[PDB]
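Enquirer: If you want the building blocks of each chain, they are given just below.
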Amino acid sequence: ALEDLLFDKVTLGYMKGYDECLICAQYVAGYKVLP
Amino acid sequence: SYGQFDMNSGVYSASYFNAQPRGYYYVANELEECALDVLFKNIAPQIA
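Just so you know, the protein sequences line up as chains S and E, in that order.
The first sequence maps to residues 1 to 35 in my numbering.
The second sequence maps to residues 1 to 48 in my numbering.
The reader is advised that the hints may include incorrect statements.
To be verified - As a list, the in silico SDA-like pairs of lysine to any residue whose alpha-carbon atoms are at most 25 Å apart:
hint : chain 1 : residue 1 : chain 2 : residue 2
1    : S       : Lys-16    : E       : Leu-31
2    : S       : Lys-32    : S       : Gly-13
3    : E       : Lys-41    : E       : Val-27
4    : S       : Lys-9     : S       : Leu-34
5    : S       : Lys-16    : E       : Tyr-16
6    : S       : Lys-32    : E       : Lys-41
7    : S       : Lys-16    : E       : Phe-17
8    : S       : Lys-16    : E       : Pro-21
9    : S       : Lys-32    : S       : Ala-1
10   : S       : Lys-9     : S       : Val-28
11   : S       : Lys-16    : S       : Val-33
12   : S       : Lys-32    : E       : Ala-14
13   : S       : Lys-32    : E       : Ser-1
Stated by the list, open to error - Facing chain E, a subset of chain S residues (Cβ under 10 Å, in silico):
hint : residue
14   : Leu-5
15   : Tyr-27
16   : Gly-30
17   : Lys-32
To be verified - Beyond 12 Å from chain E on every Cβ pair, some chain S residues (computed):
hint : residue
18   : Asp-8
19   : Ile-23
20   : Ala-29
21   : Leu-34
Keep in mind the hints are simulated off the structure, nothing from the lab.
Just so you know, even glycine gets a beta-carbon here, dropped at the ideal spot from N, CA and C.
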C-alpha cells in the first residue's frame, strides 16, 4: 500500500511512447530516458 | 561513431533515424502585383 501510495501521490508506460504521438516530444531533438 | 574496430560487449544507444519527407504541399493564396513602377515614375526625389 505504501509503495503504490508513493507512486500515486507524485506527479511523474512503455510500448506506447511512439504511439502516444513530452515523452514522445523529447525525440524531436534526440534524447531518450533509458529504462 | 566510436572510431575503433574492436568493441566491448554491451548494449549501446547510437544514432536515430528521422524519416525522410515525401510529397509536397502548397497553398500560397493569390495576391496582387506590387506597384513598383513608382520607383521609376515621375521625378527622382532628393535626399532632403
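Enquirer: Run through the hints listed earlier and report the numbers of any the structure violates, in increasing order.
Expert: 1, 3, 6, 9, 10, 14, 20 and 21
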